[PDB]
Amino acid sequence: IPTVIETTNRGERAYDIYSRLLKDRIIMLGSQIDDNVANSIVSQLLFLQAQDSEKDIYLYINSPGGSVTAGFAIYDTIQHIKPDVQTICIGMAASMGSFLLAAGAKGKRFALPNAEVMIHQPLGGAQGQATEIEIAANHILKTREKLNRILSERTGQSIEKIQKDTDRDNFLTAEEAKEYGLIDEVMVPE
Amino acid sequence: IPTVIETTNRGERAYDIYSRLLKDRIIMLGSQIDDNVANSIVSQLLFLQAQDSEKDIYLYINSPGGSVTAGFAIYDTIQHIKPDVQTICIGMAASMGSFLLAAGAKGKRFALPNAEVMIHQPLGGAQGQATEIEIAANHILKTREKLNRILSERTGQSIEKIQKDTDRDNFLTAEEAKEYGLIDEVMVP
Amino acid sequence: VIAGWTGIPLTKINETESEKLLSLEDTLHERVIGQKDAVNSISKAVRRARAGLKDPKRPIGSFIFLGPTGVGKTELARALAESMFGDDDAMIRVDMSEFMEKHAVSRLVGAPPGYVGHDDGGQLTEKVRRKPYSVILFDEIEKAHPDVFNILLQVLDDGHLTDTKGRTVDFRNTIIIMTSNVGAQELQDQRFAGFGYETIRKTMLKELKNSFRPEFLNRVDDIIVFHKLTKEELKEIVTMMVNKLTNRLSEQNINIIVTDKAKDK
Amino acid sequence: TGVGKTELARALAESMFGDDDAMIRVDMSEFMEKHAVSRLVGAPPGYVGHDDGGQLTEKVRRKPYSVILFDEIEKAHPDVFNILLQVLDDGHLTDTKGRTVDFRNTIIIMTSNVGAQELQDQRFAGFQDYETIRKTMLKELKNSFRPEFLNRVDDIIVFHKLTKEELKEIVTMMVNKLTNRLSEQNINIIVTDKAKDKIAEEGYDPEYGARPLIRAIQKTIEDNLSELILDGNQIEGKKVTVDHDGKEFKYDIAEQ
Amino acid sequence: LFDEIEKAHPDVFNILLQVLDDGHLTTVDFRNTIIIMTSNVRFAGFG
Amino acid sequence: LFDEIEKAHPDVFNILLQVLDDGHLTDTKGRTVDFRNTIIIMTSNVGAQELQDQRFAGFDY
Amino acid sequence: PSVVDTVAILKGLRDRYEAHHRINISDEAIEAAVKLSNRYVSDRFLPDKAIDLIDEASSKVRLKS
Ligand SMILES: Nc1ncnc2c1ncn2[C@@H]1O[C@H](COP(=O)(O)OP(=O)(O)O)[C@@H](O)[C@H]1O
Ligand SMILES: [Mg+2]
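Chains as they are written, first to last, in the numbering used here: chain L, 1 to 190; chain D, 1 to 189; chain Y, 1 to 265; chain Z, 1 to 256; chain A, 1 to 47; chain G, 1 to 61; chain F, 1 to 65.
Don't read these hints as lab results, they were simulated from the structure. Incorrect hints may appear among the rest.
Claimed, not checked - Each computed PhoX-like pair below joins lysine-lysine, with the alpha-carbon atoms no more than 20 Å apart:
| id | chain 1 | residue 1 | chain 2 | residue 2 |
| --- | --- | --- | --- | --- |
| 1 | Y | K57 | Z | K177 |
| 2 | F | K35 | Y | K54 |
| 3 | Y | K36 | Y | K231 |
| 4 | L | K23 | L | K82 |
| 5 | Z | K238 | Y | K12 |
| 6 | Z | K177 | Y | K54 |
| 7 | L | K106 | L | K55 |
Claimed, not checked - Selected chain L positions facing chain Y (in silico; Cβ < 10 Å):
| id | residue |
| --- | --- |
| 8 | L46 |
| 9 | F47 |
| 10 | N62 |
| 11 | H80 |
A virtual CB, placed ideally from N, CA and C, is assigned to each residue, including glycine.
Okay, chain L solo, but in the shape it has when bound:
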């Protein structure tokens, strides 16, 4: 993790690359979405809303996926803060990562040309008595229903079609994601 000494005026303070990018409202999500990463992302979003409530935030996503609750926390923080958030898909946005990719501001969801996205039903487990298995199954089914409803709202597609497509691992290219509605346009190179 290289450090950067480049700062305006005095130029005495040194940053690491992520902290320096944070000053430019650049947020990096390049790992699995667990509670620690989600908490850091929420704190960064709140800090950037406080710094300026009008300028847009840049969210670069590259994640295999992770906890559904962590992604829900990030989604709520994104939809709650006044400034708009741009989601740029780097590499792969899969599982909850694709959910956060669709969470960006309308007309402000982008993806790089040779990028990949994946959508599927949530994973989980249920162990113990039959009643406990029933409770866990009900919870995971309700979680899938809520995810499908949010995706349908943010993509403008029927929940039947999303249910059919999320049955198995559906891999989509950037163009296929654009046609599907997860992203808005493919960032053509300069």
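Using the hints provided, position chains D, Y, Z, A, G and F with the ligands relative to the given structure of chain L.
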């Protein structure tokens, strides 16, 4: 964890994002509640009370829960301090997390729209001779009774209803938690 | 005769002077768009001085202008100097950016006996002595060393400053203005991070207390926070600058008009 | 700050001599440099200003019976106070020229506020009286000064923070002084008790002493009176009564 | 002619702004002067 | 009597080296004044403040 | 001298200055001179500066007519 640098005439302040939030009286409960986390949170609450005893303290909860004793320490510190403690549920609030979520000031307990709250009876374990197992079971039943008593006092629900609901893992949405009395209102964007 | 000697307007207040003093806010607003409270406080101080209700043992007024960059604090001081004298050059301006070191306070009061430059007293003391009715501006007080302002403690409370030679200079007929700047990053960092003008003024005032001693702020007559310029205020500023330029080019017999869209751009 | 440390010295000077002017005042906020000590005793031989002598020594020689005020002692360089060690022990100070000046018929008053801010920014993070306050401020004074300097001082006095009733009495005194000053300008002013109470409550600020009282008196009485004076001179040779009906201050003009 | 405005003490910029905004210093007039400030403004790699 | 010798600049006492070693001090006029029949007393309290500042953190003349 | 002493001094010297400047000097002029010189002139000292103020004002008003 990113670092935030603030420039003043006196000098440089190098916060990490959690300390920067703490500067605005934001305390983050985002991990399993063990002794270390409870001690840190108690110290943060005490320092925030010292800095100004009149403004409100904000507690953000995203945790699967943890130790009952640690949660009780946090609850005691919250109730003892003069400033009000607003509890906002981001993500998950399970076991002790829900207990601390309900422990905020009245009219000041919030949860994000698609947040999840889980209430259930505490976990434990007994091993050894029959007398030792009896002691452990008596202790865990007493702890469950105390938790049910506090939850009934703090949510307006009967002790019997909480006993029935906490027998198995009960998952509640934000609307269900508002109806159950665990939180006070959902934060509309 | 005493007014001619000291330069202080001690003559009787006539109707013309009365109406000129009562319209001081309008005169200051002719050069300073915005910042109503600062203009009001300055005008009240001047009117109180000229009504004879000022405490004779204290200066006319001590003010701290706190706000962002390019808001008009120095411009307000210059406008006050123009109102009180007729020209901005009569103002006594002290640049606090060259007072970054503690020993630079010798330039204000003089060098101690046995040290170079003791024959020539402090610049500020000599300037005030020769112009007892003056406006003193301390520009960018944050850049100065914190201990330099301990000298002003005896001036804001008693109106007397003693130079190294032993001569006492009276500041009791002067207006003292200190300007403090908070950068864009500074007041960006003062905002609250979390879910969900009064608070901005409160937090800037609280931050000011952490940079100056309580007994220094206790002796200031008024601490005024300069609000950020709005859209219509910037439009009015463009209008006033364009009007000044049109007058200056009309005295050369060149007629010029600027459209509203051009001014907005 | 704003408690009465300097006002007490001025009051003593007035009581002893009939005027606050007849007090030898040394503001030590201009002695932040060690070499400023020359201002007290003069420049050494062979250096500029040697013939002028020491200002304090000459003033004391010219008036051996006087009150000497060293205002804001903590503002000066620590070593500058070694010059006062001989004065507090023998009443003697030697000029650079070699002349011994007698201080044995003088009252030396030193004012400070060290530790006063420390009692306000102290924050206990875990779950008072005059004695503890004076103890901690004396401890801070010991920290800020050398033991031999504090050992020669006849008395160290703690000035307590003003209370509400004392603030009200201070308001009464300020109003009386303002009224007596304006009577010379032929402006009779009477301020009622309700108005004085509202001034005291509006200008209440516990850690700033009685200077908010001055600011409140200004903003409440002097601005409106100045407007009346400048608005066609409708006050001259008349009596103005300042009242507070319960919402704002009212100013009524009548005859003597 | 301001030779080498770089390593000069930063207080020179104050005087320069004062001259360029007002044209007078304390009086000396600068309205008939031309202000010329001459400024004098390794790769770790294979290139 | 030299009272409170620590209060002076350290270099000032270099002038007393000749006085304490030969009893001679040459003034500026080039005249040598003899100190050989004088008693010189220098009072000080060096280390007094260190000693009222020294606090022992672990559990006489 | 004090302010009242200076007033008495100026009132006593009034006859000489009235004879020299051939004008009338009012008591209010004496009071104003001493008070204004005492408050606003600090480098000089009371009797001389009050007399100076009286003399300059008298000269100006005499040359006016
Ligand atoms: N309210 C205002 N009305 C008129 N002019 C303004 C106003 N605010 C800013 N300006 C203009 O902008 C410039 C601000 O510079 P200045 O206030 O001196 O900077 P600083 O506040 O950093 O000292 C001035 O030249 C002034 O003409
Ligand atoms: Mg004061």
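Hint by hint, which ones does the structure fall short of?
As far as the earlier hints go, only 10 is violated by this structure.
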